[PDB]
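Just one protein chain is left out here, and the rest sit where they should.
The chains carry the letters A, B, C, D and E, assigned in the order they are written, with residues numbered from 1 in each.
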Amino acid sequence: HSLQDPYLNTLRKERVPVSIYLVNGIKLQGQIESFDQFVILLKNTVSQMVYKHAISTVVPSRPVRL
Amino acid sequence: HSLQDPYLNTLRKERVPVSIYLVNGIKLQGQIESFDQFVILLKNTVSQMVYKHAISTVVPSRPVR
Amino acid sequence: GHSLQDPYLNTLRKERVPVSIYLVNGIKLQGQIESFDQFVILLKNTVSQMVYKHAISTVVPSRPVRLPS
Amino acid sequence: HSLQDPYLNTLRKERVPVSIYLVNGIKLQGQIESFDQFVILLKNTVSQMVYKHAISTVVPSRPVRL
Amino acid sequence: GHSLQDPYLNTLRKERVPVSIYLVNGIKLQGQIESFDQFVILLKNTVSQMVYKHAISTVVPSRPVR
Partner (left out) sequence: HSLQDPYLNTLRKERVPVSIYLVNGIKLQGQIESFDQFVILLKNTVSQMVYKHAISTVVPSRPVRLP
C-alpha cells in the first residue's frame, strides 16, 4: 500500500476531481470521499461505494504530487 | 472493512433502496437485508444472494451518512 | 466462510428449493443445490455440474426461504 | 476442499469425459489427467493446463457419485 | 503453489517448448516461457512480456510434454 494509500489520500485531502474507470469500460466521476482496503467512496450526487476489484484505473483531473 | 461495513450497515438499517451494479453491466435493485464478508442479500420479491466479487458499485437512492 | 452464505445455501440444499444461478457472463443455470463447499456449488437437474463460486454473480430462489439470523 | 477435491479426483480416477466452460463462454473438452489447488491438467489429443480462476463450470458426461 | 502447475511450467521452460497462452478475453499469446513466479509468467520472444497469471485461462504446449 506504500503507493496506493498516499496516492488515494492525497486525492481525498485535496478533493481532486477524478475519473474511475471500471473493467466494463464505464467511467465514474467525482471525488474520493474515503477508502479502505477493499472499497472507495466516490462522491457526487450521492456517495456511492465502488469495489476496487471492479476498477481498472484511477485518473485525476489534474496532476498531483506524493 | 473500516468503511465498507459501516456503509452497508447504514444502508441496511435505514432500509434505503439501492442499485447494485454488476461488473457485466447488469443492474440490481432492492434493499439490503443483510451481508457478510462475501455476500449481500438483496430483497424485493424473493431475496437474492449477490456475490461481492461480481459487484462494481452500490449506489443509494438517496444520500446517507 | 461465511455466516450468511452457508446457512442460506444449506437451507436451499435441505429444502430442495429450485434456484437460478447467474454467471458473471450472463449465463443462467437452473437446478437444485445438491452440495457445496467453500469454493464450489454442485448443481443438479437435467445434468449434474460443479460451479465455481468465483464465476457466480447471483443465486435467486424460485420462492422465498428462511433467512439466517 | 470438502467437495471440489473428491469430485475432481473421481472424474480423474474414472477417466470420465468432461466439458469445462470458461468464464468467457469457451468450451473445453477432454479428461482430467491431474489437478492441484490452482490448475487442472486436461487431456484428449491436446494436453493443456487450465487455471481454475478462468473456469465457470465442470460438466461430466455422466453423473458421478462421491 | 503448486504440485502440478510448477513442474508443468518448469518443464516447458527447461525444454523451451513453444506455447500458446490464452487470455480470459480470448487473445492468444505465443512464445517460450523464460521464467515465472507465483503471480506472473515471462514469455520470451522479440521482447519478453510479463503476463499476469490472473489474466490467463489456458497454457497449451505446441508438443506433448511429460
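Heads up, the rule we're going with is that a residue touches a chain if its C-beta (ideal position, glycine included) is under 8 Å from a C-beta of that chain, and two chains touch if they have at least 3 such contacts.
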item	value
Interface partners of the hidden chain - shown chains only, full complex considered	A, E
Contacts of chain E with the absent chain, listed as residue ranges	23-25, 27, 29, 34-40, 42, 46-52, 54-55
Touching residues on chain A - with respect to the absent chain	1-4, 7-8, 23-25, 52-53, 55-60, 62-64
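Everything below uses one rule, namely that only the chains that are shown with their structure count from here on.
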item	value
Neighbouring chains shared between chain A and chain D, ordered by label	none
Distance from the mean Cα position of chain C to that of chain B, given in whole angstrom	19
Averaged-CA centre spacing for the pair chain E and chain B, given as whole angstrom	38
Overlap residues in chain D, where contacts from two or more other chains coincide	23-24, 53
